[PDB]
Amino acid sequence: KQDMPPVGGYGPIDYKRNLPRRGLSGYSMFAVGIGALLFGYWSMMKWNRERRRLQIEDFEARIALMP
Amino acid sequence: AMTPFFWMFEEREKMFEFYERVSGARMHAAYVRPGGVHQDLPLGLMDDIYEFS
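If you're matching them up, the sequences are chains V and B in order.
The first sequence begins at 7 in the entry's author numbering and counts up one residue at a time.
The second sequence begins at 196 in the entry's author numbering and counts up one residue at a time.
Since the hints were made in silico from the structure, they are not lab data.
Accuracy of the hints is not assured; some may be wrong.
As the list claims (entries may be wrong) - Derived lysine to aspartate or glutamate pairs resembling DMTMM-like cross-links, with alpha carbons at most 20 Å apart:
no., chain 1, residue 1, chain 2, residue 2
1, V, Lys-7, B, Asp-235
2, V, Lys-52, V, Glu-63
3, V, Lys-22, B, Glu-246
4, V, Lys-7, B, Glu-246
Chain B extracted, bound-state conformation:
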């Protein structure tokens, strides 16, 4: 089947956006540490996860 690959990855790119806004980078984010999260997530992401989800 051809399309549900393309039909979902076109939508999936709304969600690799969310890694870049919080950690800094595209896929492999060195974010979690052995003492919790590295740094705080910016002003936002709750009007943008909520519009997404």
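Looking at chain V on its own, in the form it has when it is part of the complex:
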């Protein structure tokens, strides 16, 4: 008279299938990308242009000597 099945206490667990979490898609991407990339080239032309100014100063000390 000592046998298994309980009178109660059950679930069940699902048979389902779901993890579609979105996700920042669909014109949200391709907009943060271009907005990041244009910040890069804007951070250029303030350094590459400025290094071009110090470049001429480096040639300047050459030319003021050599006679």
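On the provided structure of chain V, position chain B as indicated by the hints.
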């Protein structure tokens, strides 16, 4: 692919446990007979299949 082999067999060893508790042995159990099951399964296995499944 390396991991889903390892990711499932680590979980699979919760289920070769269940053969040993009922028949006596690890994989090849001589349990089913031509007149039904050999012997009764112990007090348990319904609070342990249920936690597993």
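Hints versus structure:
no., hint, in the structure
1, V:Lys-7 to B:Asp-235, "holds, 12 Å"
2, V:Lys-52 to V:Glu-63, "holds, 17 Å"
3, V:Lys-22 to B:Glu-246, "holds, 18 Å"
4, V:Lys-7 to B:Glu-246, "violated, 24 Å"
Consistency note: the structure conflicts with earlier hint 4 alone.
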